[PDB]
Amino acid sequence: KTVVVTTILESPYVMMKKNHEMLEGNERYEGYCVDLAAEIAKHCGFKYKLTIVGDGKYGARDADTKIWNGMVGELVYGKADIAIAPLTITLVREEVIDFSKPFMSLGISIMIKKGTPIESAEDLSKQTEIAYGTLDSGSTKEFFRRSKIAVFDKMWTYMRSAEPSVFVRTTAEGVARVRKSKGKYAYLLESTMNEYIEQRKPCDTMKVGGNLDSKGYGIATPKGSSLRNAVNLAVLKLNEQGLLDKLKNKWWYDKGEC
């Protein structure tokens, strides 16, 4: 049986090939997670179909309806068999889906337009001239909503009521808002994506300060999946071979434009 993979268009994890219009099926896509999916499938002995999550989201439980959206919802409601994506391992997600051991580390980080007078989360929290926000329906927004740490809770109180809205629907939208806001918007996003974007033309953004937390991305399966064990061992093998490190270098720094 074909394993249905849910994933998300997020550079450099999954991207449309320039010539995608000329291609069919899995061959339309390229990136770190496209390469990882091929390796996991080879090691576990399955055939698969890459599908892009219909709503373009990572996944959160909707405030009103209590229904999971994004890739998490695709797994919870039986629409996909596995998620191979930069999907953060969290407690509330582990209650409803399984994760492999992590394939990549990350932490929440700050993106600024170059020259913005901000060095830290504390700096952001102590001012309002420079607006700041996060992606909707993902782990970064939930980090601020749940944090008991004074600085991060102060940031949440500001973000949740800021006008106009500081939240964005996609990473690309956060990046565009940093680039177009003349230093007046800073974006909170994962260090992996921040570091990729810092390498991309026109190299007008950068990561500042330390990471706010430390966590990982994992390959997720629905509870009860027969794939769980083999997928986990395959991630460990690919790490131990240095293949995950090779893929990070390939997609972050061999594509590097500054």
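Each form is matched to the other, and the largest set of C-alpha atoms that superpose within 1.5 Å is called the rigid core. Residue numbers count along the first chain shown, from 1. What changes on going to the form deposited in another entry:
For the candidates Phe46, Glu142, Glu24, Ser214, the hinge between rigid parts between these two forms coincides with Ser214. Rigid-body analysis between these two forms: the smaller part rotates 27° against the larger, C-alpha superposition.
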Given for the second form:
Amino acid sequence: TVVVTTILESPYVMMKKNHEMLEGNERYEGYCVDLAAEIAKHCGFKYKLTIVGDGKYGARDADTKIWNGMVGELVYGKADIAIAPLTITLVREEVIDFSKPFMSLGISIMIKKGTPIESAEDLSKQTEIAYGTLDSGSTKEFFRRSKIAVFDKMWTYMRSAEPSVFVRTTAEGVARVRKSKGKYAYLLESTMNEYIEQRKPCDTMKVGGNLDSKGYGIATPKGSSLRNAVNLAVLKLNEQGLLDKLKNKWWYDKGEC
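Which structure goes with the form deposited in another entry, now that we have seen the form deposited in one PDB entry?
Lone chain follows.
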């Protein structure tokens, strides 16, 4: 039996209605639960979904350099595979292997509905509507590193803005959009932006296209005999249109707006 590490994060993995009367894999539902079943079928293995204990994606501890989260479970021999919204990054690809992306996503703009902003270009040209990101992590780093004129202009504004336009958590950012009288836009991953747009209270929306491109991938420990089959499975599901349909199911078919 393959031990699959994953994470409780809507709509990827969620506790099912009446989970306390269910057992094993049947306790969970969501996009990644459906994806795990498809991968397992195509690769021909039995598996056990296990929620990562610390509830983390995976980063090196600053002090010890030990990996936490799902990446930790893989690199220290506790799980055979991670099927989760785990971003393909350099720091992680150095220590585990990723499949090709099963979901693409990018940095995107969230506004309260009514806010007179339709593009990053619009945001960049004005200051009455403040805008920012998580105070650490890849979204902030994108702007800090960008040589594209519009994003460089945005970074110049954000890094100097007072009061701070940076937030500690997604919840804080989204709350700030909702309660600041149209004076705050939040920059975050498109998947989460799109998900929140389809939940009550139905008062936010994504504007503009994605500002960059990255992907979520399935991760296996170095030397795994599953690496190849998992990669080919992902490309097959993509090309067959199954992953598009699955995204539509969990974002829109199950939507509230």
